[PDB]
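Below you will find one chain, with nothing else, as structure tokens; this is the form solved without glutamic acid (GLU), and questions on how it binds or moves follow later.
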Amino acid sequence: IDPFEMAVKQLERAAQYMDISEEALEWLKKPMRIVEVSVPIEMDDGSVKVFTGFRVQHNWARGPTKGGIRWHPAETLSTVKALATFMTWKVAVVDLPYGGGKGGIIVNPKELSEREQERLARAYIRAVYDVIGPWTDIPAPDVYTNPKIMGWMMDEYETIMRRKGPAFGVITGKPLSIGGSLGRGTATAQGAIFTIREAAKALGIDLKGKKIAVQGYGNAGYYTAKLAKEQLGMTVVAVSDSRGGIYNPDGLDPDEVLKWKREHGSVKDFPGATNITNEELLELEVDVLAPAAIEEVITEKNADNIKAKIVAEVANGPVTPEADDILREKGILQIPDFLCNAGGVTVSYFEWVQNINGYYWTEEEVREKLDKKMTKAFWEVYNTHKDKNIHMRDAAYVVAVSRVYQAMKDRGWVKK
């Protein structure tokens, strides 16, 4: 289904749980500014190819818009608009002084050389320069897009801007050598475990010695397992990847699992474990469940079989709304998809703060600031959930849309 229309339907669905005027809802239904540009580069052969670029600024009531740039051959303007609309609420739920944005280029980066990729990155900046800036619109890395491209784009922006202001703050996720931030690799898992600890505290259960299962072993999942087995005494009993999964109640070492997966290409046939499939491992005797691999992994056909006390949605929407309804009545606490993994955007905000201030923090400072941000955001969502008797997703939507609506009213954009 059309991604932008799906985002609009979710906003309309959230509107019924709060007092929002119709004019503000119509304002939030459509992006404030959309830019479509031609991105021309010269290829290695010598010919000029024209690529289609996008940059969508959904809303900037609370501050400059924030969102990554995605390089995908199947990318569409509607998808970019939907992701920018989602980013608005993603930065609103954790109380960032940001609006929502998103960019994209319809390109297959697999077929571009490193010189062609640098040319594309610089041309995109040369084309969208008039709508981006450290206080206007801050891009970020996304699908098929990385810190190297961030460095190239930042250099192009600095060259155009003639070093008048802070050119590091125009983009985030860049290498440490040029305005980069510490804690950027482990941001999402750190935020996820902070929300998990807060959820356990709200449930009033001593979380040390409990069993956790993780779907996927990427940058998210592996670090989620490490940090669970790092500083809160959370016993890992199962991990998984695309190929398969393992489980053993005696205990698992995340570092030994990672090295075995790296030296063998997958976690399958891990020593001292019996291969258990992902769909079987989701239904496991665990006290914290943290799916962190893919989306749509918890559906109607498998929602009623889950037996965990806490589900932490580290992945981007791993639980369907009907599954949300099933898991809610069972008494299972869930963490909304765009609240659990907000550590990445929070640390991008921290990087932007360090760039504009010209002063850079340490790992401990970033971790502690993210601790405060995530705990406050989770408590704000959870109290709304227990006050309005609505699901966690609905409470997070109510909080974020309420913040954006209040900013819009204060600016005078809307009266009612």
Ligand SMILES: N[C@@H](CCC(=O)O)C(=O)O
Given for the second form:
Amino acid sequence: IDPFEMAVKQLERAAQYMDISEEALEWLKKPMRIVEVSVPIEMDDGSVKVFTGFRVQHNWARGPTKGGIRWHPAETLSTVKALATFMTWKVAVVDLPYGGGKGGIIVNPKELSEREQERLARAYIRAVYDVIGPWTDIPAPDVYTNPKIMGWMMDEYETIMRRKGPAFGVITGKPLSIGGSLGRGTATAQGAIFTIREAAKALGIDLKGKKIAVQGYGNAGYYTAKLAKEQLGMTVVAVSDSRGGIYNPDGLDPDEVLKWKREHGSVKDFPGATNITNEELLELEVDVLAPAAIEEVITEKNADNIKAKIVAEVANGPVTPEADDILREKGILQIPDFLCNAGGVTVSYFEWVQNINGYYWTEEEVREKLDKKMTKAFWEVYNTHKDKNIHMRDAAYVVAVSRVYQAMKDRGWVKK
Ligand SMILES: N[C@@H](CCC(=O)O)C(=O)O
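Same protein, the form deposited with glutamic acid (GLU) bound this time rather than the form solved without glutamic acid (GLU)?
Everything in the complex follows now, all chains and molecules, and the chain you saw is the first one.
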């Protein structure tokens, strides 16, 4: 059903466990500003083709909006609005001076060439310039969008702004050569590792030598497994993909698996492991489950088959609302998605701070700062969950919407 309707219904259901006025809830139920523009480019055949681009600024009570740009052929305004609403909560839960935003272009980047991609990025910036800025709206990379497009977009924005302010801060996730940050590439997996470490500390289970399964061997999933094996002392026994999955009782080395992904199709047919499917990995005996794949994979059909003490939501929406209650009844600690993968937006915030200050940090400073914010965020959510006897998703929503509501009351946007 409609993504924005799902997000609004989730917020309504989470509003039951916290004191919020009706006017503020109605304010939060709709985005503050929605921009739909035409994005024309010159194709390699010389013809001009016009694309539809979106930019949604859900709420800027706590600061400038922040969200990625999507280049997907199945992108709609409703999906962008839903993701912007989720970005608002994501930046509110980790205490960032940001609001929630999102953008997108209905396009297939595979069919476009390199020059067409650069033209598309520059035209999107020229179209949405009036509503974006370093203190207004900071975009970021997302699906089918990379630091190269970030660099093109930053260059176009700087060309339009005539270098009259900090142009590097208009967009994050850009190359290190031009205003990039250290630790951006592994930000979300590092944040997820921090939240998993805190969840284990809060459960009383020692994670060294414990089984972990990660679904989806993408950028987030591979690094989640690699850091789980490296700094958490986990044991990656199973990983999965879009074609299938592999499983090994002794465990797998993330470097080899990623090496294999480069020579053969996906992760299927690992030499020493067993070829399994995605549902099999979901209902597999591991200590921590990390579904970093597409959304809606843990559902009512397989909710009661889950046997993982910790379900880390690296992806956006990997667990359905009824699966949340089923897992809570089963006594499984569930880390909400907009809290678990908040490391990416936190490191993007660090990059923005470095851009606006003109001074840049090292790897260690970024890592320690990210560790502190994710630890504080997880502890706030878990304390809210314990003091009120609610699902962890409800506690995270309470924590985020409380900050947003407080900012709205301070600004005088809403009174009661
Ligand atoms: N949490 C964001 C990261 C991009 C950003 O820095 O806003 C996302 O992946 O949607």
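Rigid core: the largest C-alpha set superposing within 1.5 Å between the two forms. Positions refer to the first chain, counted from 1.
- With the core held fixed between these two forms, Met43 has its Cα displaced by at least 2 Å.
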